[PDB]
Amino acid sequence: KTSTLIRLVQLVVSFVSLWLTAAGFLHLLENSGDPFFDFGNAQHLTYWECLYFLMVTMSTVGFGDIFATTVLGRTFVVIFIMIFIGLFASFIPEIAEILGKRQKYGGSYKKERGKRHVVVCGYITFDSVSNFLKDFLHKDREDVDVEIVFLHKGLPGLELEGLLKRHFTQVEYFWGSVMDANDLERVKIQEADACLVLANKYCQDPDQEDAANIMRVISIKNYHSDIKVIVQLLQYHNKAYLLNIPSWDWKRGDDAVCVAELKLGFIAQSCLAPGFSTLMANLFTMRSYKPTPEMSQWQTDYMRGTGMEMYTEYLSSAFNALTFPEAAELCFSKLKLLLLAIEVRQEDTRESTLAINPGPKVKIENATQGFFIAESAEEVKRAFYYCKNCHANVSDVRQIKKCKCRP
Amino acid sequence: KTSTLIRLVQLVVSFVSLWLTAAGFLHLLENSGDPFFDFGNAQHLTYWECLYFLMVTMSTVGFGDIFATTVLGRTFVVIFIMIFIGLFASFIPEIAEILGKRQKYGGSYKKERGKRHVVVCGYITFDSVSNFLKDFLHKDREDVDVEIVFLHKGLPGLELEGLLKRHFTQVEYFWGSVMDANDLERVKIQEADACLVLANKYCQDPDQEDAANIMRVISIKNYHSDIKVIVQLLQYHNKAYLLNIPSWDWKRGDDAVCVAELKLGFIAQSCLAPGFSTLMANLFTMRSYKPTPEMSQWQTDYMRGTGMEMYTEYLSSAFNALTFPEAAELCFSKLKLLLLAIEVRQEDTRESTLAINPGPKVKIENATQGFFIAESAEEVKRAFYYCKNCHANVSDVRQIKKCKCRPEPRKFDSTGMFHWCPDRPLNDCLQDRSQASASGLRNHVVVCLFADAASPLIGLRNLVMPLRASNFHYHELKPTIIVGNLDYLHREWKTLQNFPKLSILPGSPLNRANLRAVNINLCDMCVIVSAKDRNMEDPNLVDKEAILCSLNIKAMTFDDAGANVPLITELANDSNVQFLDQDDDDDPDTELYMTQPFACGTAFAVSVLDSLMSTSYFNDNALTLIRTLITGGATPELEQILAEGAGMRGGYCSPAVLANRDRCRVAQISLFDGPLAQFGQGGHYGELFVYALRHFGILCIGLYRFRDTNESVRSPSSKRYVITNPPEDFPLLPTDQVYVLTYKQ
Ligand SMILES: [Ba+2]
Ligand SMILES: [Ba+2]
Ligand SMILES: [Ba+2]
Ligand SMILES: [K+]
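So the sequences go chain by chain: B and A.
For the record, in the first sequence the residue sitting at position 304 is 520 according to the authors' numbering, with numbers rising by one throughout.
The second sequence maps to residues 217 to 623, 704 to 856, 882 to 1066 in the authors' numbering.
Treat the hints loosely; a few may be bogus.
What the hints assert, rightly or not - According to the in silico footprint, chain B covers these stretches of chain A (three or more CB under 8 Å from chain B):
| id | stretch |
| --- | --- |
| 1 | 268 to 280 |
| 2 | 310 to 316 |
| 3 | 832 to 840 |
| 4 | 845 to 852 |
What the hints assert, rightly or not - Calculated cross-link-like contacts (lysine-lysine; reagent style BS3-like; alpha-carbon spacing at most 27 Å):
| id | chain 1 | residue 1 | chain 2 | residue 2 |
| --- | --- | --- | --- | --- |
| 5 | B | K317 | B | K350 |
| 6 | A | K828 | B | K444 |
| 7 | A | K828 | B | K317 |
| 8 | A | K850 | B | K467 |
| 9 | A | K850 | B | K455 |
| 10 | A | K381 | B | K317 |
| 11 | B | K217 | A | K320 |
| 12 | A | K828 | B | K417 |
| 13 | A | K579 | A | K620 |
Think of the hints as simulated: they come from the structure by calculation, not from any bench.
Where a beta carbon is used, it is the ideal one built from N, C-alpha and C, also for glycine.
Excised from the complex, chain B in its bound form:
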């Protein structure tokens, strides 16, 4: 069911048929004889041997084992060579065109039983993926591994090919688009964990790119209506077009990331407090502390603070009926851990608006969620396992990491 395959099979079948016809012609003309010599020079020649000889002659190689002694055989060989060279002169271009037509990056993704993947569509180039790939597949992240399935309408460049080859065990690529209900089955969106729509930050008209990304979101939500979508927008007024999509529910994970809003917000916060942009940019990126002797003292001091990230954790029962300043002081002094924000309304079930540095009025209740700044996720667990009675006399922070006499 392919025109190229049909043409290829047609030409190969015609070539085989003509080759067999020529083999029969030579067999007859060699086993018959010569009218000039009254058929006194005919030489025995099997059909297989004649076919072998003609394949040798046609393949431009030429051997000296079988030759046409008969004059009729010689002139038939000359006609064979001339006609087949003439045909091959007008036959190689179509074959060359067809042999370089099948796309390299087809096929359908096959998922394992216990492996989750996220689909990454949109504007896939080297500069729009390198940082995202570096953060997504960072070594310092937890042991949970999730695959990445790029789905783009185009062929990757050289450096993108290098990135794909280096991450061969975690990254797959496919040719297609999110505008086709057929391409959304090759990447298994019905079972995908999330869909990430990237954008082109250096386009000519931001409105057109934003509309295209909104159309991609519309298509994805039209195919499957309960998947989590993270969109990358350019302008801020286009953030309201995503509320019109009936299946776009913010409460279940759908998010929109506005480039201009975040960038100018970082700059405007640097205006009020200089140096805040780098603080914010380093708190929200996965980095590891690897000091080297070639680094100056201030470089080491800065790199130590660079490697700290932000995490979330459920406060233990020891924080109940305790105000925010006391909880933060206890976390810093004992657990050596900084607490920024809390969940204030996890009890009344009203979306639990975040509270950043609340006053003494706010009190920690049961099963609240807090936000910590820590070097790694392991250190945050001490807040969950902290019991006041058993850990009263514990000095080293390496012992609080383990629970004690939990009910």
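With chain B held as given, fit chain A with the ligands onto it using these hints.
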């Protein structure tokens, strides 16, 4: 007589001559001897054998039977190989170029004795031919087969090649143009039945394409002056340039099909009666009813009405001296057949103007022609063979198929068919949000226009002209408000200033403040049109604005609700209809006419109009009837008036002209609380039809019915679908609506 052939024969002859010269050289140098050896090593060698050996050596193959023992022979062979390889290095490019020069699609068409063909010229691509080819070569059509001969200046693509191969037995292709008197003899226009000139609906400047098509028509009529031509135009003002051609006679079959006029007429008729666009689009396309078990009940009910077409037939002698209502009632009750229109003046020989649902005054005379809606052409024949005496006691309709024993200061136009107002400047109608909200607009029409400043004109006149017909009372006129770009409206206002009750709100339709000021929740129809240029990007990203506007209007909430706003969307690509409705199940190879948005009368695409070229060829009265239905007038006299460049003109009319204010119009009625509401409960379609025809003089075309079967609870998706001419035993519901053809205003 070809330069390429001359070059080829020159090179092959030179090669043969050089080959023979080399053969002679080797023969002489081998049979002579060697001066160093005193000619003591010469070996006998015939000329034929030497020629064979040199052909083997030159052909890069190489055998080991004949070899040049002589040193002179060996050095001559070396020189031969070197010189001929050097020559062949500089000889293959020209040969390769020449061998790929002859065009594949030349030649002349040869016609059989009894086969007729139609020539199809113009803009031949895959998307402009697929629907036309599907309709023209439909299986359900009669046994008469006519060939198609495409004539284009270019090579077909891949999918066009596939179409040609699939229809190999009915379709031919040729390279040429209708601008050459030589190419019109290769396709035999002197014997062709008709010439179909297609257009490019998505061009950059419609005027240039229209002028090119007019030039093609001029050439075709210049070559042969008595051939039938069906032209496909884009704008409406170019329809008057075809009257200047001396050989263009409308009375003999020449026709012009205007894309914009028909499309905007369908939309404007949907504005008055929702869901009419799909009814009209399905009545004028060849379809077949092939139900499948996977289809839902409402899908089968809709597909049964989809398969009905329209035909013409001569009424039998039994209809003589019988008025139109009685004839229609007899046709429906006995023959199970619906009669729409009649020929009123076939006797006086005055072009026999069509009559749609005439009053009791009109009487059927001998040898009249009538128009029927029927599943197939066989059922229409019962009208011709119906004899009252012999078929009096015939119950089954399968026996009638065989014959038996046959022997107020109102200002209108000059034509008096449209409402007219004196010319005004644009600022006399321009408004802002405060002024628009001050005016309590309700039951109006809102046109959301996504136009640029330099975008080509749509011709919004064709959308407002049907809404100002003179058969509407001045208090029944629906106010129209256009929300869109302003510079485009400066360009467009030249053709709109004469229509009363029209307003413009500059801005953008995607803004919500405009839609709140316009009172879009109290309107009767919101038409989303886009004048922006088409097809510079992915085909799936050409209808961003329309889909975004539809979703924005649907998601909006008003104060007593935004999902009940009736709006009709115009699509550039027909594959985007999957993104309009959420409750439906999408599918990639489903035709547009079978989707849910189209079945409800919400989406419309110009592709469904591609089938209007074939029908106009097979039925010459179809275009007149469809224009009469979807335009509300526009007689050729009005076209002549507009062709003078002075614009629309008129005023107070004489009483003789004002007699044109009584033509029938398409309307929609409800079975809820009217005088005929008794058929809502337990009633059947046939009883309602005959009652309405006998009592009120109303002809019913079809039903417009809630999609959800549980209308008692009225599921949130309150969408309706259309059924065309349901059978006589169809059960009615109190919430169903009926399409009707009303008379006497
Ligand atoms: Ba770290
Ligand atoms: Ba049919
Ligand atoms: Ba859908
Ligand atoms: K070679």
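Do the hints match the structure? See the list:
no.	hint	result
1	268 to 280	holds (count 9)
2	310 to 316	holds (count 4)
3	832 to 840	holds (count 4)
4	845 to 852	holds (count 4)
5	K317(B) - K350(B)	violated (33 Å)
6	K828(A) - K444(B)	violated (33 Å)
7	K828(A) - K317(B)	violated (35 Å)
8	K850(A) - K467(B)	holds (21 Å)
9	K850(A) - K455(B)	holds (18 Å)
10	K381(A) - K317(B)	holds (22 Å)
11	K217(B) - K320(A)	holds (24 Å)
12	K828(A) - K417(B)	holds (25 Å)
13	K579(A) - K620(A)	holds (26 Å)
Against the hints set out earlier in the document, violations occur for numbers 5, 6 and 7.
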